[PDB]
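J.: Below are the chains, spelled out letter by letter.
2 protein chains.
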Amino acid sequence: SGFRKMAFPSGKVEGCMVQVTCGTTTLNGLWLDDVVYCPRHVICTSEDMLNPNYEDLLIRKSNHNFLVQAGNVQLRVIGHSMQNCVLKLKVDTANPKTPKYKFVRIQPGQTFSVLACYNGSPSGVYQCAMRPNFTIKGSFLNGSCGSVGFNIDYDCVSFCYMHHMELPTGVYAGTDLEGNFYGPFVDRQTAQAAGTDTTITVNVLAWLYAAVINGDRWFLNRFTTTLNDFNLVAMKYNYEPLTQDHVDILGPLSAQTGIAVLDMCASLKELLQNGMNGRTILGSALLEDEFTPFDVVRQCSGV
Amino acid sequence: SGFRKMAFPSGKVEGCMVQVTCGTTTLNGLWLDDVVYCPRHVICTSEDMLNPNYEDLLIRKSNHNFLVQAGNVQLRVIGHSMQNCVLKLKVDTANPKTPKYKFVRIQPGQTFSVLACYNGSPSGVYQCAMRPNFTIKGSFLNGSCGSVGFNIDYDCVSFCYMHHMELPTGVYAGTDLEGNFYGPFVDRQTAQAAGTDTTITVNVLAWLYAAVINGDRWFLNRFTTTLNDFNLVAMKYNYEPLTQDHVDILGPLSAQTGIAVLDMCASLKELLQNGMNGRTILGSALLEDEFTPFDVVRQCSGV
Ligand SMILES: *C(=N)[C@H](C[C@@H]1CCNC1=O)NC(=O)[C@@H]1[C@H]2[C@@H](CN1C(=O)[C@@H](NC(=O)C(F)(F)F)C(C)(C)C)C2(C)C
Ligand SMILES: *C(=N)[C@H](C[C@@H]1CCNC1=O)NC(=O)[C@@H]1[C@H]2[C@@H](CN1C(=O)[C@@H](NC(=O)C(F)(F)F)C(C)(C)C)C2(C)C
Numbered sequence: 001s002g003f004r005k006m007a008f009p010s011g012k013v014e015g016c017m018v019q020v021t022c023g024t025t026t027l028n029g030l031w032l033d034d035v036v037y038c039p040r041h042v043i044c045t046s047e048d049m050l051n052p053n054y055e056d057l058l059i060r061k062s063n064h065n066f067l068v069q070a071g072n073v074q075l076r077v078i079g080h081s082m083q084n085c086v087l088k089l090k091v092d093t094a095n096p097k098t099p100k101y102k103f104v105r106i107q108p109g110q111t112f113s114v115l116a117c118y119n120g121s122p123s124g125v126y127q128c129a130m131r132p133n134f135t136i137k138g139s140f141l142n143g144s145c146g147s148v149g150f151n152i153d154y155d156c157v158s159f160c161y162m163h164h165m166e167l168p169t170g171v172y173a174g175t176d177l178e179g180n181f182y183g184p185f186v187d188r189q190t191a192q193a194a195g196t197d198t199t200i201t202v203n204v205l206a207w208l209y210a211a212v213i214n215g216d217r218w219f220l221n222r223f224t225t226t227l228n229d230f231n232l233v234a235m236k237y238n239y240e241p242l243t244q245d246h247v248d249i250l251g252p253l254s255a256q257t258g259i260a261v262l263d264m265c266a267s268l269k270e271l272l273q274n275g276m277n278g279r280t281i282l283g284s285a286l287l288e289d290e291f292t293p294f295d296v297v298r299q300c301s302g303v
Numbered sequence: 001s002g003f004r005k006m007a008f009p010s011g012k013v014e015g016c017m018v019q020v021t022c023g024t025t026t027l028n029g030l031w032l033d034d035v036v037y038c039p040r041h042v043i044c045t046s047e048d049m050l051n052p053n054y055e056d057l058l059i060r061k062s063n064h065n066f067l068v069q070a071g072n073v074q075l076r077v078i079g080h081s082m083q084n085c086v087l088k089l090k091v092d093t094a095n096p097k098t099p100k101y102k103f104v105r106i107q108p109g110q111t112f113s114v115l116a117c118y119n120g121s122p123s124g125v126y127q128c129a130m131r132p133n134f135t136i137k138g139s140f141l142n143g144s145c146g147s148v149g150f151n152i153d154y155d156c157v158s159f160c161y162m163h164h165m166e167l168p169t170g171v172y173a174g175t176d177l178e179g180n181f182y183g184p185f186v187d188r189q190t191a192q193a194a195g196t197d198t199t200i201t202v203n204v205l206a207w208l209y210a211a212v213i214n215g216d217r218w219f220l221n222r223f224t225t226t227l228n229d230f231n232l233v234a235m236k237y238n239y240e241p242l243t244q245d246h247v248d249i250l251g252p253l254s255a256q257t258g259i260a261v262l263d264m265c266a267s268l269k270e271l272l273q274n275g276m277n278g279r280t281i282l283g284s285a286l287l288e289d290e291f292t293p294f295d296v297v298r299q300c301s302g303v
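In order, the protein sequence lines correspond to chains A and A'. A prime marks a further copy of an entry chain.
For what it's worth, the deposited numbering labels the leading residue of the first sequence as 1, then goes sequentially.
For what it's worth, the deposited numbering labels the leading residue of the second sequence as 1, then goes sequentially.
Treat the hints loosely; a few may be bogus.
Simulated crosslink set (DSSO-like; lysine-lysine; CA at most 30 Å straight-line) [said to hold, decoys possible]:
#, chain 1, residue 1, chain 2, residue 2
1, A', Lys100, A', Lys88
2, A', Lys97, A, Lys100
3, A, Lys137, A', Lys137
4, A, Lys102, A', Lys5
5, A', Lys102, A, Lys5
6, A', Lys100, A', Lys137
Since the hints were made in silico from the structure, they are not lab data.
The task is simple: from the sequences and hints, build the whole structure.
T.: What follows is the structure in structure tokens.
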């Protein structure tokens, strides 16, 4: 037993990390096949950031205004197409190291691994979750712009996230790789509301299931409950309501623990009402909600 | 702002992960240049594990009793030397992918990244700390045997850890790459005492320094203290005593925060005495002690 936050191996993604410079500004891009993706705001001076017009800005740019470095390798840019908030750059060479990939738009509650770069170089990797309000709570400092998040699918890298901007709050926003923001955000330096966050209920249950499996079980109740019961609790404590589908996804855990979901939903109810009273679950002393049921299953079998 | 547990990029290490089979038992090895390292207990049946004689066991083995798979590549073994608890295997090919490396024995309190494998394949990466009692509190399931931990040094992979065994408790023990256990442990399936753990005080301070830097500062005291004062507190709450050297290492943080160490040692003293009263520091609601001062500095500058 023992259970920590764990990220996919990053090697496969390290191979695609390039630096992209365009005047002053210089950030990280993702170079796949013969295309290189990055946040479109590379084309700004920090003066433009205040209220850009990305077309009128972009219009005064030619391939040659774009430096793309891969370690010590240079790529001639030969084409440049803005796609929403992402910039695409056609280049002479196709990345040798391009792995099998897709682009995907993930959903609130879903986790991914993130590789944080600084000027086309990986410094570190961590796992995180898209919040219900389409933000994340990670660790990104200047130059980390254009860092990416992804899941790995045996062989296949599903890319879900490109990092753009921090919110006054210390939470992050960013796009899918088609360049559509996750959330109601825009690439402009103006007051922008995060919006009220909720707790990812399905995950929390997942986490408890993980607990039971590792030995930590003191919180196992004497009761049960129905759905409506518990949802109507959840509401109060800003938990996301639990559908049938959340139950079905948990079933695999029902199975391994031989614990019906609703008996766990009824352990949660109490913890929610009674607090945790100083004791620890899996070491943590609050309710971790950034492991999916899928996550727990990867790590409580052996993938 | 925002600050999470973050692991070095693993690519460089992924290239060295091989599977090693020897009869029944099959676990992960590390293949560097023309040598392959793994826990010596591969040579056991689970019957031997009860009380092995590793020489008399090893003596009945020939190179050919050893299957070494790298994805779908086979290595002829041509030499086999037990070195304490690790096994070394000479092989025809030198790993093409061998990066710059050293082997190092780290010290209580020091962190590293860990890449967890299953049958010569990386499933995941996480960061962790060697506890004062030479254990770790990670996430290792069967087949993860021979997984490794390491720091990366711009270009250079310092290997510090090879995983051997779990303790009834759900904490792990394992060797340096010379094959000497960290701690008073042996590769045998018998009752073995973890020993009393302490909290890594220097790190905790480091963590607070990280807090202040990210905005979280409610815990900033009205007082100060001397060393003896605080150490004599630490004792009670099972904290490691703080040397001058711990102060010197923290100084860089003193500098960036313009907060004298002892003013922080005096914020800690109170938190220790007063508890945390439900509020959160950097989200966590207890005292994280698994980031080094070095760690905080990597992430609170931009390496
Ligand atoms: C580059 N990585 C950076 C993101 C953050 C700076 C500090 N740490 C980071 O990760 N990108 C930007 O500079 C980013 C985007 C918009 C401004 N911006 C911000 O992060 C700002 N935030 C906003 O303007 C927001 F809309 F989110 F409120 C700020 C004020 C620096 C936090 C542009 C420059 C295009
Ligand atoms: C292989 N990875 C495994 C380690 C742990 C099994 C479950 N999760 C793990 O990470 N290696 C072993 O089987 C390991 C070493 C010794 C037994 N052993 C154990 O982990 C056992 N523990 C002990 O015997 C200990 F001394 F630590 F108390 C146990 C009972 C499975 C927890 C050998 C087989 C050589």
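J.: Each hint: holds or not?
T.: Each hint, compared with the structure:
no., hint, in the structure
1, A':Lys100 / A':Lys88, "19 Å, holds"
2, A':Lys97 / A:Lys100, "20 Å, holds"
3, A:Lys137 / A':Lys137, "24 Å, holds"
4, A:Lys102 / A':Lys5, "27 Å, holds"
5, A':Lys102 / A:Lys5, "27 Å, holds"
6, A':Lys100 / A':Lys137, "28 Å, holds"
Hint compliance for this structure: no hint is broken.
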